[PDB]
Amino acid sequence: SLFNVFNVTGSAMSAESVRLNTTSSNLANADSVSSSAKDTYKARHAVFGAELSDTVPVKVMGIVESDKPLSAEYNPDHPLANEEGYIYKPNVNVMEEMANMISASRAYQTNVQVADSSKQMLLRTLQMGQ
Amino acid sequence: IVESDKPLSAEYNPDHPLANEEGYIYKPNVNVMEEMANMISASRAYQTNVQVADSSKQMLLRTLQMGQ
Amino acid sequence: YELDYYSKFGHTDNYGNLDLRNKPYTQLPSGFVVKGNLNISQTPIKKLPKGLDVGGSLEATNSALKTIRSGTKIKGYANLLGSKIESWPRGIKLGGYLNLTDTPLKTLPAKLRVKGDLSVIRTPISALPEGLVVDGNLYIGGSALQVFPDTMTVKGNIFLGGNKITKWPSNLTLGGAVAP
Amino acid sequence: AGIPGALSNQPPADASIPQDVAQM
Amino acid sequence: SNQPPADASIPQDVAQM
Amino acid sequence: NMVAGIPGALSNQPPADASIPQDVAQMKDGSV
Amino acid sequence: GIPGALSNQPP
Amino acid sequence: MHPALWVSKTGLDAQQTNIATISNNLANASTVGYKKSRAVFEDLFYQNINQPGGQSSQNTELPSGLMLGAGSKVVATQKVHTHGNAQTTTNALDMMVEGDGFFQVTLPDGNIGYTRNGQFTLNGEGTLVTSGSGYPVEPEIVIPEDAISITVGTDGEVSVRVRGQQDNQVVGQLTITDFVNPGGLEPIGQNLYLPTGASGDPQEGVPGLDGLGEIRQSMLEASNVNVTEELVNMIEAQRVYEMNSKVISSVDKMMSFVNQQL
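Chains as they are written, first to last, in the numbering used here: chain A, 1 to 130; chain B, 1 to 68; chain C, 1 to 180; chain D, 1 to 24; chain E, 1 to 17; chain F, 1 to 32; chain G, 1 to 11; chain H, 1 to 262.
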């Protein structure tokens, strides 16, 4: 029904919000050599997935880390330097985060139009019978 | 429901763990412009039939007043 | 090919965790020592080197790992989800849980001790070893197990998950509850 | 299931299998 | 759920929680 | 019980950043 | 009563 | 994402790797025996859109045969093994190869490493080792403590001068390894290379016969990087980087107009 559109579009609104927050944590950790949890932060990605289970909502199935190797930088005098003297920094790519930032915002706003479009159809469907 | 025959949108990204040998991730063949047009066409056509159905009831109600 | 000393350096973080995800490495040098966690997920590695030492946890989810040789020291947990391991060797010093879900595992060492949780979910294992001791939660859901040994020890909850147990241990002390 | 390398939001404990992720 | 969800932990050292 | 605290920027911070006064952070659990 | 609240009256 | 956004992003990623490649070359502008690397660009896959499948030919010039590429990428950081200039130094242990050929050093893990840098020295035992990490140089050349001079011949024949004995005693002979494809060597830092499948099996021999280069004593090989080429490459790479940013901004503004006007 038209109410299923609200569930489908609403799921995308939450879905694009997850990717926006993941990108925000990527931009804020692009230069963080250290990290609690004994893990040099690596770029995270939200992998969307259609939950077919007509109406196909979108669900986040889990956040996946980047496969790119960490950026090694020779800083011998740093306390975190290894024997060779290289400290490692996250593999966050700025350009893809900016592209993800644009795409997530554009996709978020176009889901609002569909919810608005379905809202008007239900209101007119209610005016029938009056 | 029938799936579109448009080829999938290929993107070069040898970083996504779900990529392939050549670092390509295939994405759905969804065109935003055609989805916006369908949204406009579906909403307007849906509400047009509301008017016809609503006006059809009025004709039925007037028929009951025949001879009165 | 095989991982070298210089190739090892390019897959290590600041605190010393080796990341080999999707990397085309087939075998690791013997007497290998890792400062932190080890990740060999989705790797074509079929065998772990003898004398392997991991300062953190071993991650081999959805990998091709098949054989682990005895004497391996793992400080953290062992996660072999979706791998090709068929048997668990005797004498593995495991400092954490052992997750063997969705593996072709068939045999387990006798009187095995798991300092954390144990998973045999959806495994073709036919029977648990005698004298098994589990300090955490035991999940046997979807597996082929239907008879427990004479004596076993589980300090947490026991989850049947759907499989039918007919012969319960004679000597069993449970710190939690049993769930179907 | 789905993605093979999803993360876990629970703090590391090294003793409990994380059930947050779809561990199948 | 029938009980409030727990808060979020943001520690500067996970070993101390 | 009553739950309260400073909203906005100060609370949406990691606890290490001690912007929030100590007693106000206590209120964020429960009170009566 | 918020412990240590500012007041609205000349000190 | 609209495909135009990602096609432009590939150009930004490709030029980003180009800048990093250029930056390393200018960093090693004074490294002895260094070879400059260049980034090679190639176009990505071209896809038929207005066709359900890849129908061969069949009106490529018409709207049915429209093909859109997927962008560009850096395919390889090719090593250019051009011979560098000569650095005449007064040190008696730094040596240079004139032409094709590599010094062979013994790596700690057992295999031998190949270097073009000639800054060598001796360790406590008198063995000829590199002046960096101190790896021994193959073949082992031990210098007697009674030697008052060292002479390295044009074919690696090392001789020493002993007081009280005329004529110079021979203490060994150097060898240089050659490869069929020098660009297939894998750099591992420390001015070292390793043999790969793309390089070939090592070809050893006396330095001065069998087409090999000749050993020159008290010389070094300067890096072959062209600082002007890198600066010109930087200018082009920066401009291409900015142009692709405009396309991404252009696509976003067009997409903004759609859901705002409609």
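Hint data in this document are derived by calculation from the structure and do not stem from the laboratory.
There may be inaccurate statements among the hints.
[Unchecked claim] Calculated cross-link-like contacts (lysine to any residue; reagent style SDA-like; alpha-carbon spacing at most 20 Å):
1. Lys35(C) to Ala72(A)
2. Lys89(A) to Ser23(H)
3. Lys246(H) to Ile102(A)
4. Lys73(H) to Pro76(A)
5. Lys46(C) to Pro4(D)
[To be verified] A few chain A residues facing chain B, derived, Cβ under 10 Å:
6. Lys89
7. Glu96
8. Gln113
9. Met121
10. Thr125
[Stated by the list, open to error] Sample of chain A residues with no beta-carbon within 12 Å of chain H, all distances over it, derived:
11. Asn7
12. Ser11
13. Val18
14. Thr22
15. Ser34
16. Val60
17. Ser71
18. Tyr74
19. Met95
20. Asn100
21. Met101
22. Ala104
23. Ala107
24. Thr110
25. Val112
26. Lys119
C-beta atoms are modelled at their ideal positions from N, C-alpha and C, and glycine is treated no differently.
Consistency of the hints with the structure:
Restraint check: the Cα-Cα separation between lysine 35(C) and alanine 72(A) comes to about 17 Å, which is no more than 20 Å; the hinted pair holds. About 18 Å separates the Cα atoms of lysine 89(A) and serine 23(H), which keeps this hinted pair within 20 Å; it holds. A distance of roughly 14 Å separates the Cα atoms of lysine 246(H) and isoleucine 102(A); the hinted pair therefore holds under the 20 Å criterion. For a cut-off of 20 Å, the pair hint linking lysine 73(H) to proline 76(A) is broken: about 33 Å separates their Cα positions.
About 19 Å separates the Cα atoms of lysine 46(C) and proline 4(D), which keeps this hinted pair within 20 Å; it holds. The beta carbon of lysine 89(A) is not positioned within 10 Å of any beta carbon in chain B (closest approach about 16 Å), and the interface hint is therefore violated. Below 10 Å, beta-carbon pairs count as interface contacts, and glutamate 96(A) has one with chain B at about 8 Å; its hint therefore holds. With a least beta-carbon distance of about 7 Å to chain B, the hint placing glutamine 113(A) at the interface is held under the 10 Å criterion.
Annotation: interface hint on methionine 121(A) holds; nearest CB of chain B at approximately 5 Å, less than 10 Å. Because the beta carbon of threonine 125(A) sits about 6 Å from the nearest beta carbon in chain B, less than 10 Å, this interface hint is met. Chain H leaves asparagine 7(A) outside its interface by the beta-carbon criterion, the shortest separation being 21 Å against a cut-off of 12 Å. The Cβ of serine 11(A) lies farther than 12 Å from every Cβ of chain H, with a closest approach of about 18 Å, so its non-interface assignment holds.
Listed as a non-interface residue, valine 18(A) keeps its Cβ farther than 12 Å from every Cβ of chain H; the least gap is roughly 16 Å. Residue-level check passed: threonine 22(A) sits 15 Å from the nearest beta carbon of chain H, beyond 12 Å. Under the 12 Å C-beta cut-off, the non-interface status given to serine 34(A) relative to chain H holds; the minimum distance is some 24 Å. At the 12 Å boundary, the C-beta of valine 60(A) stays outside the reach of chain H, the nearest C-beta of that chain being 17 Å off.
Not every beta carbon of chain H lies more than 12 Å from that of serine 71(A), the smallest distance being close to 10 Å; the non-interface claim is violated. Residue-level check failed: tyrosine 74(A) sits 10 Å from the nearest beta carbon of chain H, not beyond 12 Å. With a least beta-carbon separation of about 5 Å from chain H, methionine 95(A) fails to lie farther than 12 Å from that chain, contradicting its non-interface assignment. Not every beta carbon of chain H lies more than 12 Å from that of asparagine 100(A), the smallest distance being close to 9 Å; the non-interface claim is violated.
With a cut of 12 Å on Cβ distances, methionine 101(A) falls inside the contact zone with chain H, its closest approach being about 10 Å. The non-interface label for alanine 104(A) is inconsistent with chain H: the shortest C-beta to C-beta separation is roughly 10 Å, within 12 Å. Chain H draws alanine 107(A) into its interface by the beta-carbon criterion, the shortest separation being 8 Å against a cut-off of 12 Å. Against the 12 Å criterion, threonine 110(A) falls within the reach of chain H, whose nearest CB is about 5 Å from its own CB.
The claim that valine 112(A) is not at the interface with chain H is violated, since a C-beta of that chain comes within 12 Å of its own (minimum 8 Å). Every beta carbon of chain H lies more than 12 Å from that of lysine 119(A), the smallest distance being close to 16 Å; the non-interface claim holds.
Hint check: violations occur at hints 4, 6, 17, 18, 19, 20, 21, 22, 23, 24, 25; the rest are consistent with the structure.
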